[PDB]
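Participant: The residues making up each chain are set out below.
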Amino acid sequence: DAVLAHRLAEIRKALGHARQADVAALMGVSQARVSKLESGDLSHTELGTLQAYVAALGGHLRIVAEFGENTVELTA
Amino acid sequence: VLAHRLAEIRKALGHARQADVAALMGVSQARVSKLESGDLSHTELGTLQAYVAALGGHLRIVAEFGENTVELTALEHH
Numbered sequence: 034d035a036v037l038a039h040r041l042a043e044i045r046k047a048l049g050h051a052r053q054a055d056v057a058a059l060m061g062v063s064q065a066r067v068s069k070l071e072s073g074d075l076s077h078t079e080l081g082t083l084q085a086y087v088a089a090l091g092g093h094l095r096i097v098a099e100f101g102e103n104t105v106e107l108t109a
Numbered sequence: 036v037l038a039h040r041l042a043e044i045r046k047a048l049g050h051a052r053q054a055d056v057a058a059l060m061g062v063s064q065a066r067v068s069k070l071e072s073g074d075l076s077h078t079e080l081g082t083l084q085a086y087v088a089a090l091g092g093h094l095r096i097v098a099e100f101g102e103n104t105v106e107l108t109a110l111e112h113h
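Note that the protein sequences, when read in sequence, are chains B and A. The first sequence maps to residues 34 to 109 in the authors' numbering. The second sequence maps to residues 36 to 113 in the authors' numbering.
Bear in mind the hints are in silico, worked out from the structure with no lab data behind them. In this text, a Cβ means the ideal position worked out from N, Cα and C, and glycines have one as well. One or more hints might be untrue.
What the hints assert, rightly or not - Derived list of chain B stretches under chain A, where covered just means 3 residues or more per stretch with a C-beta under 8 Å from a C-beta of chain A:
hint: 1; region: 48 to 57
hint: 2; region: 68 to 77
hint: 3; region: 93 to 107
Full structure from sequences and hints, please.
Facilitator: Here it is in structure tokens:
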């Protein structure tokens, strides 16, 4: 049962153990950069940035588009 | 069910051409062209949302963490 995230930081908080500093260091950016990212709109977040953020958290992105009762997976 | 390219998706799921999608999104055909050709690393989530929506579909993004899963909402611009 998936938890819902309306904000980038809610993805991290769902895991519990990964602090903001942890994700920054794993992404290889300053914590100031991650604080900036987490204060923004999810809709204006770049896909590459989202990918790196989720990867730093130990996960991977599934990008799906539902068409009718079918679903296509985007591999980009 | 798998697609390396946005264009692949468009062409299999109907008959919309690039100018059709551009009009639906209210963006340049250039932008749509770069979407389907270029690398999506610097593409905003809301832009991808709008593209899939113009094709008549619904974008879902899921962060998969093994036994746990986080689904993103509010992917739409406004």
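Participant: Indicate, hint by hint, whether the structure satisfies it.
Facilitator: For each hint, the structure was consulted:
1. 48 to 57: violated (count 1)
2. 68 to 77: Since 4 is at least three, the answer is holds.
3. 93 to 107: holds (count 13)
Hint 1 from the earlier list is the only one contradicted by this structure; the remaining hints agree with it.
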